[PDB]
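What you see is the complex with one protein chain gone and the rest in place.
Labels run A and B following the written order; every chain starts at residue 1.
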Amino acid sequence: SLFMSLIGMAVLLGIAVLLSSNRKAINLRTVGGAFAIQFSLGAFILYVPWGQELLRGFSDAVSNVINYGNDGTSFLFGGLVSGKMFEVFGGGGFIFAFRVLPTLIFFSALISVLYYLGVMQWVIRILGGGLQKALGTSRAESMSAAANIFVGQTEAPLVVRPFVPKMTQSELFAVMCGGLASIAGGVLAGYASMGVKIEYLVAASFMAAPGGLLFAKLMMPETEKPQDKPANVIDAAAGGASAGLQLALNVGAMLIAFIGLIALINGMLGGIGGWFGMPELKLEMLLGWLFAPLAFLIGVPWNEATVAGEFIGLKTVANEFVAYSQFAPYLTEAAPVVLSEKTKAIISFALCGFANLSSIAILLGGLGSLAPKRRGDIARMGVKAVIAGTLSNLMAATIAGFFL
Amino acid sequence: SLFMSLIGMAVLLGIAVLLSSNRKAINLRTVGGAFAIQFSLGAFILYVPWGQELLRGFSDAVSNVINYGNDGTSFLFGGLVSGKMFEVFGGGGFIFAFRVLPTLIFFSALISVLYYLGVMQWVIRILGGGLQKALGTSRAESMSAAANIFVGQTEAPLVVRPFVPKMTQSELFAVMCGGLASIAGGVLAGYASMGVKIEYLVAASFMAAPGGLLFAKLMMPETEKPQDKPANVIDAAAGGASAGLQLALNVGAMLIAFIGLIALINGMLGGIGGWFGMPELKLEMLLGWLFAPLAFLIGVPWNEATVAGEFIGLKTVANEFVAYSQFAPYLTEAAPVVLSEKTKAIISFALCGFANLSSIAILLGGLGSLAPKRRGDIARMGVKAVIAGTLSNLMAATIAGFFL
Partner (left out) sequence: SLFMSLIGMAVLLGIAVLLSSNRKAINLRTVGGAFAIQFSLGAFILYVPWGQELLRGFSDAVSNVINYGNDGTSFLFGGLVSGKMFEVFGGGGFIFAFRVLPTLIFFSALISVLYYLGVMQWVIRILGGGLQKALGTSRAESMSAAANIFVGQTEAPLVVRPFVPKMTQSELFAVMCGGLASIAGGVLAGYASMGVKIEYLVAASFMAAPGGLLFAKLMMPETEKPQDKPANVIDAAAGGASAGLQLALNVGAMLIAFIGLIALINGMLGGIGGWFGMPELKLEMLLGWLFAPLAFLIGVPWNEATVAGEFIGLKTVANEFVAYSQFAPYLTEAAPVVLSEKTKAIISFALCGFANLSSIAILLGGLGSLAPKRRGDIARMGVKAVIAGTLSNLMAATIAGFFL
């Protein structure tokens, strides 16, 4: 029972220690506090009544902002996003391209507005400062960690851009890990519109901050000594719309391509499996088979660990967006398999991160532009950082499965 | 009656004089002629029979080019832009993304073709030359003013690009003002497809040329001494399609974002107004309340000035595209309020300009690239130029309301 989870946590921490660049330099105050905050944050918002109330309050607000944003998409696509669509096409009346993608545009505009107004900086400063006084992490790395709660891996470091070129390897690694452990407001709204529970997405975003520092500081302890805008609000909103347009277009093409490539891989796997008596072989069977142990380890019941493995595996080998798109159907009454409410929570939490190999190329471009002489360092540390981020998502799922 | 309008005109001119950089350097020939042409142009095409006939003749031609362009969108979107759409979804069968936006693509291609063929240059040279001999404005600023009738603020100066780096501050200011006072062929076709009357759009585009010079030369009189391509027609058309694609994508994302942000602002305003006994508070009430005087001043009947204020206010604080999108419904039998045909004309004319604060950032990039050392000057003069452009749109609306 609750024992299989506390071992899950122990195993995750252990792997990080085994992979550390220097176990003897690990600061127990830093890593102990970091775990304590991620664990307590979970308990607070997933277990204690007052916590559950703040979480549901924040989630309902987010759900309202989303609905407000949909007035814009309704203006652009009209009847193609109305109730009439379900009467005519049934299930296929939900057009993903017009229901989900335009949300990334509206959220980016909104986030850009909140930065111009100083609202983001205000929230980041309080959370980032809380982390550093509690953990002894540097100022710049703590701010980047907090910013990553709300924005993507290449956007979050912008709040400390002048300090990036000269941060320590341990600081730069943490900055990467905070990005890989979290997601971003725009896609969060996307996943929600796909049916993923907002409470889970919000909780996982907040837990990514200490989670990312926890595993960065286990795997890459500090061995050095750290140191230490649009003309108006309308231009801010337009610049945000433009960046989100570009994001929406990219995510759309990636989904058409990746989902297409998986179908082709499955056609090939069936013909190849056939030579070995397994004509039914598919990419989902390999991944389920291969990741079931890990799913079991974080608290998925033995009889659901294999289906859970498919989703977790897909997020790791491809990205969380392709994974969520294959997981969303299991969140509706038309699911091929009815999963426990606890297994749904665990999958939702473990998928909630940008941790995958392709995020390295993105960090090289985006985070690299802030410190062009540190691109060698980013490439070198890329794989470890993806592992760090993966461990953080897994730890959050274990904690969540525990308190549920 | 016709008295409330002639005072409207007087007030608009007066504000410009009050804001001038040097009232004593204002050239009466220049500003008197400029007003005389804008006023007479209106009379000619809105009042005198032969004028009304040329205008309706030009508008019908434009309406035919639009219909021709729709064959291309029909090929791409098929049934989604057919009559069957209205039978199935009713009013929401009109999909804005496929009905309006593709028109920007076709018009840009067409404009690019007419430049390659020398047809644009020919028309610009006649109108621009007529202006300068009549007003004593410089050659380059007069050409830019005429070009702005047909193309956007960043495209119009291209006909005089080699002379821009060295124009006088008064010349550069006029170039900006001609851009802010007008629109462009692509979006004109958009507004028409939305239901805005072509006659009004065309008339306002032509009146923007003297109107923009009028207010530039009132607010920034000349105190210095002024001076003085695609390989084939198919590449021209393709380069124009490509630029219009980019424009269509940007306008679409801006609409999803801005309309979304207004709905969120309204949710917030309702909760905030509620603390003061006004739970019904919205952004449209603030703007209507705030701009009613101005609407009244240009000839909107007292009892329609508040609804007129909403649209005029929205165009000023955001842009004309968001404004037209909220005004278009009042042009159909399904309008929340039936407005006089005179109030519809006045709103249509006063919305017909790129004059807003966000157009400054666009001028900095586009007009700045032609004269990188004059970017400081553009930023400095930005706000005055937006005011100049606003006065020009307002003056055109007053003149139009008068002759109707």
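Heads up, the rule we're going with is that a residue touches a chain if its C-beta (ideal position, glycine included) is under 8 Å from a C-beta of that chain, and two chains touch if they have at least 3 such contacts.
Trainee: Going by the contact rule already stated, which one of A:237, A:318 or A:350 would touch the omitted chain in the full complex?
Mentor: Reading the full complex, the residue touching the unseen chain is A:318.
Trainee: Please pick, from B:50, B:75, B:276 or B:302, the residue that touches the omitted chain in the full complex.
Mentor: B:75
Trainee: Of B:65, B:134, B:268 or B:364, which sits in contact with the chain we cannot see?
Mentor: In the complete complex, the chain left out is touched by residue B:65.
Trainee: Of the residues A:97, A:117, A:126 or A:338, I need the one that contacts the missing chain.
Mentor: The one listed residue touching the chain not shown is A:97.
Trainee: Tell me which of A:10, A:253, A:272 or A:338 is the one touching the absent chain.
Mentor: Of all options in A:10, A:253, A:272 or A:338, contact with the hidden chain holds for A:253.
Trainee: Taking the entire complex into account, which one of B:26, B:110, B:167 or B:318 touches the absent chain?
Mentor: Touches the omitted chain: B:110.
Trainee: Counting contacts across the full complex, list the positions on subunit B that touch the omitted chain.
Mentor: 64-65, 68-73, 75-80, 82, 84, 88, 102, 105-106, 108-110, 113, 230-232, 234-235, 237-238, 240-242, 244-245, 248-249
Trainee: Pick out the residues on subunit A that sit against the missing chain.
Mentor: Counting only subunit A, the missing chain is touched by 80, 85, 88-90, 92-97, 249-250, 252-264, 267, 317-318, 325, 356-358, 360-361.
FYI, only the chains that are shown with their structure count from here on.
Trainee: Suppose each chain is reduced to the average of its Cα coordinates; what separation in Å results between subunit A and subunit B?
Mentor: Taking the average C-alpha coordinate of subunit A and of subunit B, the gap between them is 44 Å.
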